[PDB]
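Only one chain is shown below, in structure tokens, and it's the form deposited without the named molecule.
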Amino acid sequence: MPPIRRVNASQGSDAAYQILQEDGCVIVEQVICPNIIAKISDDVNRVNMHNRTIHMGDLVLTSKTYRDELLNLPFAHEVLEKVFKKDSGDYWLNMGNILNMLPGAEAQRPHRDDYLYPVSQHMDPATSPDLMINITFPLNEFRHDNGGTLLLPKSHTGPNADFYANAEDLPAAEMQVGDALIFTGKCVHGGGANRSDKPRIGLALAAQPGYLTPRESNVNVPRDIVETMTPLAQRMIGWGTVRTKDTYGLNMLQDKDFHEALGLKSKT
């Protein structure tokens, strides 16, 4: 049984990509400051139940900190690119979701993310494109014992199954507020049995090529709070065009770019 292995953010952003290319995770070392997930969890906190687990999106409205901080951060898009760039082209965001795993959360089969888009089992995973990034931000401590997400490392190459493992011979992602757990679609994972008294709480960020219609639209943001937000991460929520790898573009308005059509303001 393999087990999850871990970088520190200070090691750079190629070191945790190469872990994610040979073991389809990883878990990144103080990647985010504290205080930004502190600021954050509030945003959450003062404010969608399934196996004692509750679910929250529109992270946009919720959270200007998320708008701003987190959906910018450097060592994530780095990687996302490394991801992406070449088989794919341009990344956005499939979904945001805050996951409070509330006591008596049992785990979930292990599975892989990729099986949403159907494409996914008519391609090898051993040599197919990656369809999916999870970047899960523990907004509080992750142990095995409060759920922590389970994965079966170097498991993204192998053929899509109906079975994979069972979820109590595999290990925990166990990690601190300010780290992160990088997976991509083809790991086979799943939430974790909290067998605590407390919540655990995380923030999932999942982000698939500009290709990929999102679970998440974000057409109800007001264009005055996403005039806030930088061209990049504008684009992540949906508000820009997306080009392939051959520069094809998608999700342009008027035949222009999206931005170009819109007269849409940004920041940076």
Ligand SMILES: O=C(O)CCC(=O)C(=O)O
The other form holds:
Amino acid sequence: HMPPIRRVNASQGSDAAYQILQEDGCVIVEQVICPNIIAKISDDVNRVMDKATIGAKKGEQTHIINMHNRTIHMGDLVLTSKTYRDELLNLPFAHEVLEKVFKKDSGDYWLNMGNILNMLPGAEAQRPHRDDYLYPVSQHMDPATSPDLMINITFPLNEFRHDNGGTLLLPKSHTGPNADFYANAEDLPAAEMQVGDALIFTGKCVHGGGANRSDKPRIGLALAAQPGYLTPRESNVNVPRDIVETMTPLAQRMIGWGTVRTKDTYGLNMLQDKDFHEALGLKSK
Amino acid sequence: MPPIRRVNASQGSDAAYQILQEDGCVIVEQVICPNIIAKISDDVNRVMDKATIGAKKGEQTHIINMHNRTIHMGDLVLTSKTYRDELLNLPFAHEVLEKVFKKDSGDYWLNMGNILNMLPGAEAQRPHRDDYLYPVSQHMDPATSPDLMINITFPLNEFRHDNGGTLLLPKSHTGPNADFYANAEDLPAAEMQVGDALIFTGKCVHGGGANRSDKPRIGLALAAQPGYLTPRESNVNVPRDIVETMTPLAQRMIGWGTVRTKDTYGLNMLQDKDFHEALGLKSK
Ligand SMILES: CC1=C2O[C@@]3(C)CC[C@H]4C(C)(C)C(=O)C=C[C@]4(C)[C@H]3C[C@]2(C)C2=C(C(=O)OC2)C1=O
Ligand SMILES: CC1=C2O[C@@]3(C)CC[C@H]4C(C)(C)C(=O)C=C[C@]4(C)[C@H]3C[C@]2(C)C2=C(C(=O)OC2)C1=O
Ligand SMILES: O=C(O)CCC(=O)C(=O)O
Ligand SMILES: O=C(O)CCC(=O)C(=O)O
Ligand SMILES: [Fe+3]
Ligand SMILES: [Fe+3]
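To test you: the structure above is the form deposited without the named molecule. What is the structure of the form deposited with the named molecule bound?
To see the whole picture, the full complex is given below, headed by that same chain.
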């Protein structure tokens, strides 16, 4: 028995989606965001896609997830899309789920990064994996009882179906032991969703990019968050301060322009022994 | 009770590392020219009165017994050029840190540099493990888990038992995490001179001692950790022109650089590239 990927409408509330996430490691939330906001971000991303790196980043081994040259991953979204900074980073449903995930075990959270996922036509499926492999301490903790190190929220920017490589998932695989092999991609169900929906899954849920056998790119946007005590993959220190001060204090923290407190109350990312905002006199919306 | 073992830096970083692996702590004598420490001490004294006393805003105090007769002070990059140029590049220290972190974790960088000023009358701290700062430490077995922190403390004046030199429990770095390790009254003190350094891991039981003398006892803690752990102190307010006078290693140490895990994956990247490549960050 291969468990199905379960779904809720965001009208049912964040408690119900969190419950499915706790039981399965993954949940699809239908109609979580106005599709026109997503289409706007999609246009911004399409404007600059010719700038992104194809395949591997410099020096990064590819064999763990099967990173290959029919895939484009692209960061730098804060400067690419104002709609991303102001609308997506502040989406209340997402923050309700993330606070439920992180606050007790870990404390404040922020982004690992925001990442465009472009599977080009003919893209081969990835090796099903756990995203928390990024952080080596995940290999020293029991998955059944350890805190979650990551939550991925993927918004399709065009329709996701099995045939165009929509994310493959292995529901209820988030409590088993860490392993070097979990499944073959061909045995997993795909997340099939429309623009305005989102897929949420934990850093322990087995998953991977699907095979794109259509003739059009399949593009999603991954809002990936983690405890503040883990180092983001993407820094935002090159974002002009004038632009940071048009963001809310929450979105500022998400992109690393803020102090993050552990569940024990201890501050990280402080400046001159004080709060980040206080030490800079940093303004916000 | 095992003693705190010691080596001279002339015996090489391998011997210091071996003692660190066996005991969780080691004193390295004459690891740095005392003139350098004296300069940094001048820099710090010139700005000590602007430091915060006791707990920082909203941080509970009871795990380590933080109290209002101890001054902890950061912001060392901008305080001391000698700190930026000499101390952050000390080769013995980086040899030890590479031995600790490279295989299990990857690149490392500062948790922070922190002046530890213990005024006369300061009570001893509750003996503790520093890695409690990172909640993941409580979910890993100390006997086999990676080290999450290395502390290198340079006395800025003489450390002695009577003036609150750091109390240590040697060989305590492999036992299970616990809510009580020892009473401070039962632990030996790190006693050493300017130019020496005490190294101990995030798993070594230790604490501030009681300063029963008439003068402050002041150390400089250089605390390092895996690049995948968020530093306590950010340095994004340091002017880029100051940063470009530093070495690439010291730049990475203060967070102006990409840090790769032992699996080759980069963290603290900029615009999908290496930090330096994306900014054209120059260095010495
Ligand atoms: C585990 C492993 C990786 O860690 C993960 C999964 C963790 C976070 C993840 C998020 C969820 C943010 C995303 O949007 C999609 C991919 C990344 C960026 C990813 C990239 C990275 C470093 C990588 C690897 C490789 O081969 O090239 C790239 C790799 O094996
Ligand atoms: C665990 C615990 C903390 O974590 C540690 C130990 C971890 C690293 C450490 C280093 C080695 C850098 C140092 O130089 C001296 C003190 C700190 C800054 C410290 C401060 C902090 C947040 C704290 C606590 C408290 O009560 O007030 C303050 C506390 O209990
Ligand atoms: O593109 C997808 O649907 C999944 C991408 C993924 O899992 C990854 O690269 O880590
Ligand atoms: O001052 C000392 O010797 C130790 C300080 C310490 O251990 C701490 O505050 O965590
Ligand atoms: Fe993944
Ligand atoms: Fe300590």
